[PDB]
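Enquirer: Please work from the sequences and hints to get the whole structure.
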Amino acid sequence: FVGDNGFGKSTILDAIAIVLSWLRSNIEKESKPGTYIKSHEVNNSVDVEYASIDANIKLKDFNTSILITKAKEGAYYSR
Amino acid sequence: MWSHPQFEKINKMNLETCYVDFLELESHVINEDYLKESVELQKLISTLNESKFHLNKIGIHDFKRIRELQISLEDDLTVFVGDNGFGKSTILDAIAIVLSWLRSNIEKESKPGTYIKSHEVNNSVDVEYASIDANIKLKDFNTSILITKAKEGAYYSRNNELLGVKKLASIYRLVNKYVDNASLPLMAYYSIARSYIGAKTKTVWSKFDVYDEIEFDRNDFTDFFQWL
Amino acid sequence: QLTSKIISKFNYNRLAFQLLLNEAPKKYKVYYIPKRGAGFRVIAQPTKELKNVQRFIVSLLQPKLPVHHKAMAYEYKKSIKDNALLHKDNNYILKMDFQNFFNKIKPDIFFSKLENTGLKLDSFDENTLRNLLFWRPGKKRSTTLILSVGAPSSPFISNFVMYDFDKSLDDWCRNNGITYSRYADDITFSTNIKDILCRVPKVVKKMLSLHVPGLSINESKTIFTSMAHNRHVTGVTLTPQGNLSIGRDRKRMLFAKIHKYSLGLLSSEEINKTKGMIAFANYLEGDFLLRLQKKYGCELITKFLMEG
Amino acid sequence: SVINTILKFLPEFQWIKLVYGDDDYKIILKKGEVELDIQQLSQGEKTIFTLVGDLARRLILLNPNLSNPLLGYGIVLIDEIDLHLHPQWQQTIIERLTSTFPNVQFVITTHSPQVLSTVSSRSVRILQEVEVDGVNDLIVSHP
Amino acid sequence: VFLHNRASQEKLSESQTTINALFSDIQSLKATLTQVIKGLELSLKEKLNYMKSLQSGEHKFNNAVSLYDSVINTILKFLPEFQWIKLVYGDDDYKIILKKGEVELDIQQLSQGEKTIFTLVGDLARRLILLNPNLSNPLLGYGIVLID
RNA sequence: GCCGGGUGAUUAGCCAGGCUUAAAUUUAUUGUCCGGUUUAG
Ligand SMILES: Nc1ncnc2c1ncn2[C@@H]1O[C@H](COP(=O)(O)OP(=O)(O)OP(=O)(O)O)[C@@H](O)[C@H]1O
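Quick note, the sequences are listed as chains A, B, C, D and E, same order.
Here our numbering is used: position 12 in the first sequence is 201, and no number is missing along the way.
Here our numbering is used: position 165 in the second sequence is 310, and no number is missing along the way.
Here our numbering is used: position 133 in the third sequence is 137, and no number is missing along the way.
Here our numbering is used: position 84 in the fourth sequence is 1415, and no number is missing along the way.
Here our numbering is used: position 142 in the fifth sequence is 904, and no number is missing along the way.
These aren't lab readings, by the way, just hints derived from the structure by calculation.
Just so you know, even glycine gets a beta-carbon here, dropped at the ideal spot from N, CA and C.
Just so you know, not all the hints are guaranteed correct.
For each label pair, taking beta carbons as the anchor points, the in silico distance ranges come out as [as the list claims (entries may be wrong)]: (1) E:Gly863 - B:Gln151: 50 to 60 Å; (2) B:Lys296 - C:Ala260: 54 to 64 Å; (3) E:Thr881 - B:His149: 56 to 66 Å; (4) D:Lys1357 - B:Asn305: 46 to 56 Å; (5) C:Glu119 - B:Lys262: 34 to 44 Å; (6) C:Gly41 - E:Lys857: 50 to 60 Å; (7) C:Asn179 - B:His149: 39 to 49 Å.
Expert: In structure tokens form, the structure reads like this:
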């Protein structure tokens, strides 16, 4: 990844780090919790309600997908 | 907390009917300007604003010392008088317990509140469970709630009734969605632990920080200083 | 012998009946129905092939199981009006109801009660009965059976089950001058004596624990009322004079509907809508049609009645 | 408004100020003719300071649109209102609490007869112990 | 707890050669040590201290049971409502049981009113019984107490 | 005394306009396509 900008290329790596943590937890024990998205990481714009991250893992021809989402406080709908 | 085809029934001006009418209307229109300027929203807001929060009555069965008892509370001021060991605190913790589920359901729906501890049920031989019931009246709208726990060692189940609180909380969240600076009710509890009173440089303040806990203890004093 | 009669009537071979016996507790459909207000309700209903063998079983078992005479639900020649006629001349009224009444009835208590009546049945009869009248929610390893509602055989079983409770509570309430009556999972008491209705909540709880284990009282639906406020019993209002009534709001509902009909401004759907309500009100009161004729005239009412 | 609200319950003080020190902030009072610090107050004044300050902060935070935020709705529960308070302050705490926040429901438990001398008869419930039918139980009686 | 164990072992006997048994236990501890080290040494010293019961050997008029009864009746003097107080052993632990009316209560279930009195009186009599090990009635020493 | 309930009559009529009557602090109307009750083709 190449370029300079205010958002910072580091944050993308953080997103991947969150996803892999869930995979590790389930290996240690069944249905063990992973790492959640804290409320202060959601965007502060007035037209947002929730944040999400989508990832996919390929193993030969075996495909898996994971979605992680969190909604702001006081939202009408939960995710 | 869902939609309906608005069964006609008979003419009425209940808050629930306005809530259902708005829910039915919003399922068709897509433009937000029309929704934000519709007359149904104005009716819902005016009805919610003029209504006054007021807890109506409470009943206790088999909880701590009290065996069976019902109270009615005035809308402005009530005082309990008694000696030591007469369950003056028990009523206050019962009310805090029932109010915690309403506090929880406003932050995010389907979120649990406070349960009954296993050592609160009565110590007599013939008891099997304990329960608490309450009722909240918004002028002409009535809700009720029951919380119960079975004694350890028994093999018969009991559940809770949480339709009323979930329905009431959905109205508050829906109004909060379409209004910039909508208000919220105030719930507080000043226990006997005010004696204990004697940072990361927070920069953002909102109305949802006071909903972290119903009781007052420790760091609230610290935050008061930072706020001042 | 019950399996033989079912086989003879429906012409079932050994293999087909064995398969039906094995797969019976899973032929149910779960769906939602809207609520008057806001919310939803959940129902479960069996298939067509199981319903008409449940009705046959009920018709076979009806003349052999006693039922108390104070239960006015799902009974022949009984209705709401006969329920309300008991409390029509008393002052103070108290109402209570249970908590998840239907799904607290299990085959253990059904067979326990059935053994006490003196009716002896073989192992085959017990096996066929257990696998035919009960529902199994959850996975195939649940091994839990409940009655549910929406099945033609549940109401009779529940009425037969609550016989002892009805009998024991009846003679306790009679000795203290209190009237008592039960409709499905609703119980009502009424009397004229002051400060006597504050003692029954502990009595009913003791009776429930003694005579039918498992059941319990929903404590958030207990009501006390007198002649100074609104009084009604299962949907019919009691005027202070002591007469049954439908309510002033519905009377003006119908008077306005008919007046708007006289101008020919009513859709065809509302005619069939209002005709049933008018018939029900006439049955409940007994003089609604006379008042309508005395106000709008027989020619218009007769034309409206014969319409459609 | 916050400062005067706090000063409403402590008539013996003159003003409250916030003074920036070299490395820290300080709250300075003035009692009589001597300036005081928040750590040099008695237990009673500390209790009143914390109670009123917390109530005002909660009300202001919850009602931003109102011109006067002290008129919100809600319910407040207090246990043993007469902690660390002399009888002179015991007689007037109730009417000041009710006058400052007029649209808030209050539930209060007390222990002493001094407060009972200044409450209407329609808002008093008295607990008692009575053995009925061989079982001891608690009852509530209106005056 | 310690005063109760001493009361049971000393006055109510049921201990036989307690000193010899404690010495044998210390000998077994030494044999195990020959066969965490600091903890084992501390336990061995504790066993020797227990074996020193014969060295102490007082069993005087102010025995353990007399002190236990004096403490219990002293506490019960300030709480007229209650009936009796006991120390119950169960689930490999000790707990305090109080009787009020017809219901037995633990210590967690009391109100603040009797919690304050029980704590203050218990600590005051603890210090009086502990700092005057020679008086016939230990609640007769001298001192100064400040209460706010 | 006051307030809150019951309702025959009244009105291009589900609002309103009148006359009666009731009282311990003390109801805020409910689930269909199943079951039984009412009417009808
Ligand atoms: N499980 C229980 N079974 C029976 N009685 C209990 C139980 N738990 C508590 N109690 C009773 O509760 C009483 C104290 O209750 P509570 O603390 O509500 O009263 P209070 O002294 O008026 O309160 P406070 O001083 O905390 O304001 C004790 O005297 C005890 O007998």
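Enquirer: Does each hint hold? Answer for all of them.
Expert: Do the hints match the structure? See the list:
1. Checked against the hint of 50 to 60 Å, the C-beta distance between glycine 863 of chain E and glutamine 151 of chain B comes to roughly 58 Å, which is consistent with it.
2. The supplied range of 54 to 64 Å is met by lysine 296 of chain B and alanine 260 of chain C, whose beta-carbon atoms lie about 56 Å from each other.
3. Distance hint check: the CB atoms of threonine 881 of chain E and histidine 149 of chain B are about 60 Å apart, consistent with the given range 56 to 66 Å.
4. Between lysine 1357 of chain D and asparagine 305 of chain B, the C-beta spacing of about 50 Å keeps the proposed range 46 to 56 Å intact.
5. A beta carbon spacing of about 42 Å between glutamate 119 of chain C and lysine 262 of chain B agrees with the range 34 to 44 Å that was offered as a hint.
6. For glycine 41 of chain C and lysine 857 of chain E, the Cβ-Cβ distance of about 51 Å falls inside the hinted range of 50 to 60 Å, so the restraint holds.
7. Between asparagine 179 of chain C and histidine 149 of chain B the beta carbon distance is about 48 Å. The supplied range of 39 to 49 Å therefore holds.
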